[PDB]
Amino acid sequence: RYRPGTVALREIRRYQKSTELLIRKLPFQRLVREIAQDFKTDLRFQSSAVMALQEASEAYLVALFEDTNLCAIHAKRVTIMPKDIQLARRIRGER
Amino acid sequence: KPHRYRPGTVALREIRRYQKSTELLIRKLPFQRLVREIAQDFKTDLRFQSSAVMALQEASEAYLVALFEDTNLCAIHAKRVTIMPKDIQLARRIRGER
Amino acid sequence: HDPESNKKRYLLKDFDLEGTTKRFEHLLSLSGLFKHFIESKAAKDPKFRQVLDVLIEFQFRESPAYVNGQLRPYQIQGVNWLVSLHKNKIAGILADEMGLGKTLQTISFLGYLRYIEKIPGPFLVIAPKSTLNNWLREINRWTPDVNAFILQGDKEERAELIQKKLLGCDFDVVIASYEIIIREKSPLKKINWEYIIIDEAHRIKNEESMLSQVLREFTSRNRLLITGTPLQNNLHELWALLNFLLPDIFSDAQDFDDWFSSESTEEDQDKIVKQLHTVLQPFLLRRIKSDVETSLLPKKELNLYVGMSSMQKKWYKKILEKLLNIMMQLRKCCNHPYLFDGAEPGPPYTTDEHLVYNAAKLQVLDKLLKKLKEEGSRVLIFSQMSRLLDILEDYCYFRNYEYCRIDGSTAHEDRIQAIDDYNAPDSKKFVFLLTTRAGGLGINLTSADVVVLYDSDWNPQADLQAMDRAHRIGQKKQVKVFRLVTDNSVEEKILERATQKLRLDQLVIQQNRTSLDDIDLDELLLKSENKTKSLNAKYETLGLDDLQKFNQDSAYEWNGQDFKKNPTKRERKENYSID
Amino acid sequence: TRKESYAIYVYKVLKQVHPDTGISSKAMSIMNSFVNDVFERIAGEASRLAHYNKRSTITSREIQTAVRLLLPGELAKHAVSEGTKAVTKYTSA
Amino acid sequence: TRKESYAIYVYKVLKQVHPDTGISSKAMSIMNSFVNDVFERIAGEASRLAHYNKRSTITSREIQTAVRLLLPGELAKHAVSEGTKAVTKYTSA
Amino acid sequence: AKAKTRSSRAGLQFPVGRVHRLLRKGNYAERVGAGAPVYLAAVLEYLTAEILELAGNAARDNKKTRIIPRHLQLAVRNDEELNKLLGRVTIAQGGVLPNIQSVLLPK
Amino acid sequence: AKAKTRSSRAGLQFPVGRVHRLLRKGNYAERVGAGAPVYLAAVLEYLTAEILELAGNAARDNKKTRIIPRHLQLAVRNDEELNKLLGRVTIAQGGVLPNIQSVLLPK
Amino acid sequence: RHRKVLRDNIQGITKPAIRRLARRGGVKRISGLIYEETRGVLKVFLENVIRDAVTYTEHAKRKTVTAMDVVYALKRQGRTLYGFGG
Amino acid sequence: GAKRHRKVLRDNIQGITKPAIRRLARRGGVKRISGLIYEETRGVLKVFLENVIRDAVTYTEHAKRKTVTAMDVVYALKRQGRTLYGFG
DNA sequence: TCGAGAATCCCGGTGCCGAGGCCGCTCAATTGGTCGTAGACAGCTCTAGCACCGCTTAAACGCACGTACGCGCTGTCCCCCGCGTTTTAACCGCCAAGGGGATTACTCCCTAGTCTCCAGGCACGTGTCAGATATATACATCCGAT
DNA sequence: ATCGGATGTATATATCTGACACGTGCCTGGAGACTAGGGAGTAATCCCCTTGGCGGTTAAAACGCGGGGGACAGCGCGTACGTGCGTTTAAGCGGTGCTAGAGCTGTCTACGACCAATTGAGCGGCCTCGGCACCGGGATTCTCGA
Ligand SMILES: Nc1ncnc2c1ncn2[C@@H]1O[C@H](COP(=O)(O)OP(=O)(O)O)[C@@H](O)[C@H]1O
Ligand SMILES: [Mg+2]
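Residue numbers (PDB author numbering), protein chains in the order written: chain E, 40 to 134; chain A, 37 to 134; chain K, 81 to 94, 100 to 140, 181 to 447, 465 to 658, 704 to 752, 765 to 778; chain D, 29 to 121; chain H, 29 to 121; chain G, 12 to 118; chain C, 12 to 118; chain F, 17 to 102; chain B, 14 to 101.
Everything labelled a hint here was simulated from the structure, so no lab data went into it.
Yeah, the Cβ is synthetic: ideal placement off N, Cα and C, and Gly gets one too.
It cannot be assumed that every hint is accurate.
With the Cβ distance kept under 10 angstroms, some of the chain F side facing chain D (calculated, not the full set) [to be verified]:
#1 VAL87
#2 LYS91
#3 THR96
#4 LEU97
#5 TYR98
#6 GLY99
#7 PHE100
#8 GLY101
#9 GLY102
Go ahead and model the full structure; you've got the sequences and the hints to work with.
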């Protein structure tokens, strides 16, 4: 049996080497076309539109998680917590 | 024994008096000399207007004040009250400069 | 008399033709040309025209009884002139030479104003800071029974004096410095100011000086100016002095200019000079320095027309062709080439003879200093740039002489200590470096006898003050001015402009008081003196209309000048392997 | 119909800087969008620059200044060298 | 030497909003810069918006869409309403 | 006939004609409509009215009767959406909102 | 009178006529100079070649012949200049640079 | 269209997907409260981008959201996207 | 003597005195400052100044002038995304 | 724990300077008329987005257990803050002379735009092959427990 | 330290599918007159810059010192995560049909551009008088050692 942290590093090396999308397609499409109904009724989405939304979204989330990791490291930890995300977003100017 | 203020109670007074005024906190002449020295390294024999130096000073001071606000936030995040160069580096790197 | 009673007379608790009519009545007793200004500023200022349309002899022979000690007869005539000027509702300037004694005359006039017509103040006296103390002493020495104060110090001391004595009105004289006058005008604007006296009126020259405007904001019943030299360089400054003295008359600068200077009449000469003498005679009083003193023997001013050095020529030509942003750089090169960055050969630096021959002027300077050292004199170089003065100090060290340097960055106590030790009895102090516009007028270099103006100034008054630093009352042996000029260079231009200014001063003011490789230094001196006589004979007979031509022959030319003077592929990333 | 693109020119450049490799279609689309983006940025900067100076024409001078003003460090000087090379070769023909 | 600026119009708006209240010169210059900046933003957005749709005119619809894209949330709608109001009034006379 | 400014025709205070000229000369499009200047001028007038009212209230709070850059800064940064509009702008001679972190305060 | 393209005269690979047309119809200025399209096309060609050579090198380092978006992302992010130029740009089907903070590694 | 509007689709962004995103971002150990925060920030970002895209498509008098509309929205927000046209 | 070698004129960046950084930090709202802040602050200020002045000089050199104006600095700041109100 | 003590604030008075009316001019807006030409509407087509729907099957979910990491408490330096000299550098006021950039007015020329043709260049539609997966398959190469 | 597993890591083979090559045509870029207006060059001019130096004030900055409180390291612990197993459950693909709804083509007409005169509106120059800054001084309030 492996020890805590080994498999985490193996997953880190595995997912920093691949390029695919890490969110399933139907859940994200359902979320997108549920959100979009708040602005206009009877909207149709091309596949390319949802694909672009998903790739932009995943890029944003990865870039946010890098800053969250750096904040948590700066606070003398290895575990990312919600206050790290809040600090990163506040510093970056989004909140 | 003359009265003495506890460490940190004059810092708060300075905080709340400098954060209420509007004036520039850097002396005019040293900043002007620094600007001329930096500029003469790009192309020789420039001259500035007073308004150019004034605008540049306003921009730089606003930039530094914002950077120090983010530095204070970084320091507080680490259960500290003292700002250290680690905090400036982290704020600048998150912010996107470096 | 009483403080509370005197508060009723001093403080001002509250087109003045009343005295203006009498002023004009007496003034028009002279030539009607005086009314010319008025007949102009009647069309521009009709409200002041209401005076032109409608239209005691007190010799005071002996010295005043109330003053201590005896008073010199020419100063007696000075106070007579001052009293005459007062009893006409007009004002004049006193222009006696420095060291002749003017504070005594002014304080005797004040004693007159207090003891003969009984107006004990108020009086304001404006003087340079270094001079301030040298007033109270005389005020306390010649007429002791009068109160005065200097009104000096930090914010606390000055405010305490303002609350205590000035507003309290426990004073007769309020002697105060220029910067203090500017600093506190509001407390000083309400005293009603019987008289205002300005020693060293050179400061009040520019009409738009902050001090000038501040003084024009005051209220004075009569004014007066004390100065050693009016009309320093230009004429317009004389008009500014007159305008301050009498603003109701000399109210148009363009009038005084176009009538005389700004448009020179096609007349030859010798008429307008009589016009000016008639205009200024009632106002300006002046006496020759050598008038009643004797003793001091006239000055043997001399020129040394040095050539120029090979490196000096190379650098000067390098400057002429086009980091350097003034013509004064030329003055640096003809002064000493080492002032520029890079002139010194080799980043290791030495102090041996390798600099004496590199500079043209300093070669002759070295020769003269050696001749005087084995002749037994003392010298007072007055360069105009402290940087060259520093280089000359390094020279003085190499040749093993004794410094004494007082620049504009020398602390006051250091200044006085240097003056004392040099002026001390027999001592190892040969050379006394000093920058020309330093020390004000309280420097008393009477011990030495030889002066060397290393460079020439734009206005000759500065050089005259430098000469008077050693030619004052006191020093009674000899005086030798040895100004050095580089020929075939801009120094000729500066010398020409200075000489023309000095000649203009001699014509205007100095005519009223009449009625009131080695160069073999011997041959160099002979030819330089011949050239000086050449310029003197050339320019002495020139015309007044030409005195203001300011030919301004450009020195940028001097010999014939047209006034015209890969990609590298980047570093690349080495390895792109993900592993 | 007949959608214009930069594919042919990017391919011609690729087969002179690496004359054995290839390029996928997604990579070609990315390169096309990159070329369009950089063109738009340079052109907008040049237009604003000409508007500041009251001029009404875009010349090689404004393009050079916009290049020097948008690209960082060594890229700016290399691009300027290439542009001036091309212009001087063009005018002499 | 004539220099156009939105000084008198800002002053009129101020004196119809706060009838008794002045404004310093620096504040006036800041207001002028703000107006110019917002004008440039909206005009640039409308220009790009019309270029996207292969149109040649900037009409009121493009301005409305641009102001809807830029102004944040609840601030936009009021502005939009105001604009429409004016146009209707302007097209009645 | 008799001239009537388009601003008065639309009941505005900002210049419709000047906006039209700046829109044609700014090289935004080959043609500009007839209602575009009116719409844009109305929008600019609304925005300036909002910010001026906020600044006037701020100035009145300080017992002063002129608007100064401090009041403009103080009005902008105290409204969340007006501050989102001007998030990246610096107001010369403005300042900073009074803000001290609660951790820094004395216990 | 044989027709010679401006690209051939300038010695470039990118089209000069197309760039001229895009400048003219793009509403950038009232007039467009003659050397502006040539200069801009040269700059675009240089930038494309510069990025594309680094992409090819990255492809070769991974034992590949055809370049894919991953190689473009690696080339852009590893080079300081291009990473600064495309700082605010995300690349579809790209990825991240392999980078683990040293504190996280085992001791 | 009318497709029987659903709920709790933000829960469709499941815990392992967030963990995979964190691993790509370089995160070793993940707290248990972080998933709700991630869902919230994702919802905010999506709302902004979709609002801009819907405005762009409404201006064109269309009913279908195209990839170019999303690209324009991202560019307007300062998040340029390469690979979907333009 | 050798006094013709005046002085270093220490450095203009040191003209940004420690009290000035402390005042800027107080306006930012910090309570305590480590002793090493005063060097990092000078470094970041110098970097920002070089970045802005490079663009300003480019703008003023394209216009074929030799005098950097306030408008040039405003243009440079706007290009960097730091719009400044109050100078034109 | 209250009684000095220090800092801040709120009132009067000056006083001074700049904002805010007031007048002249000149030059953009406005009015009226003519003229293309975007774009708006109507029509036709064919394409992909919506809606299910079954199979599969691979990840998600719930659950256990057991480390190790986050947090709290305690000591100890050490370093930064508050306060008191005192020293100097900013900041005015000056002097002396240039000349050097920036800013209007004229002049004109040469370089863009605007046309009219007319051929190549490039975009679309096809028909091939080899580069990169996918499986297996054996090898070498950390991790963790004794 | 060594050994037993689990996991990447090379290595060979088949695929296919996506990239590359080749034929059509049409549309756009190039060649050649003609023109006019934008910009480059000339020249006043004049206001402000440049360098070197001086004198004096007055706060700010620099240096020194004491002492408190804050950061930093260490220890203990007790949850809260990570890791591995079974079991479903929902995604992902193929297949199908429907039809709204983008996208291309023709007409025309209403609307913006252009031009000529004219005139009110907006900008520059000027004067002045309230609003705000500065300075006592008196009261208020918070702080810190009892
Ligand atoms: N009894 C006296 N009569 C005349 N002059 C005197 C008498 N006593 C002293 N003096 C001189 O009067 C001089 C005043 O002149 P000075 O101090 O040089 O200033 P200024 O040159 O402005 O008059 C003093 O130097 C002093 O030596
Ligand atoms: Mg005297």
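Check your understanding: Does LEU97/F pass the interface hint, meaning its C-beta sits closer than 10 angstroms to a C-beta of chain D?
Key -> This hint holds: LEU97/F lies near chain D, its Cβ roughly 8 angstroms from the closest one there, short of 10 angstroms.
Point to revise | Closest C-beta approach of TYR98/F to chain D relative to 10 angstroms, hint status | key: 5 angstroms, holds
Review point. When the nearest CB of chain D is found for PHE100/F, is that gap smaller than 10 angstroms?
Key: Result: holds, 8 angstroms to nearest chain D Cβ.
**Study point:** Interface restraint verdict for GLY102/F against chain D (beta-carbon cut-off 10 angstroms)
**Key:** 6 angstroms, holds
Review point. Regarding the hint that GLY101/F lies at the interface with chain D, is the smallest CB-CB distance below 10 angstroms?
Key: 7 angstroms, holds
Check your understanding: Given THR96/F as an interface hint, is the shortest Cβ-Cβ distance to chain D below 10 angstroms?
Key -> Interface hint status for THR96/F: holds (7 angstroms vs cutoff 10 angstroms).
**Study point:** When the least beta-carbon distance from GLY99/F to chain D is tested against 10 angstroms, hint result
**Key:** 5 angstroms, holds
Point to revise | Restraint outcome when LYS91/F is required to lie within 10 angstroms of chain D by C-beta distance | key: Holds, about 9 angstroms.
Practice item. Using Cβ atoms only, decide whether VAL87/F comes closer than 10 angstroms to chain D, and label the hint accordingly. Key: Status holds, d = 9 angstroms.
The structure is consistent with each of the numbered hints, conforming to all of them.
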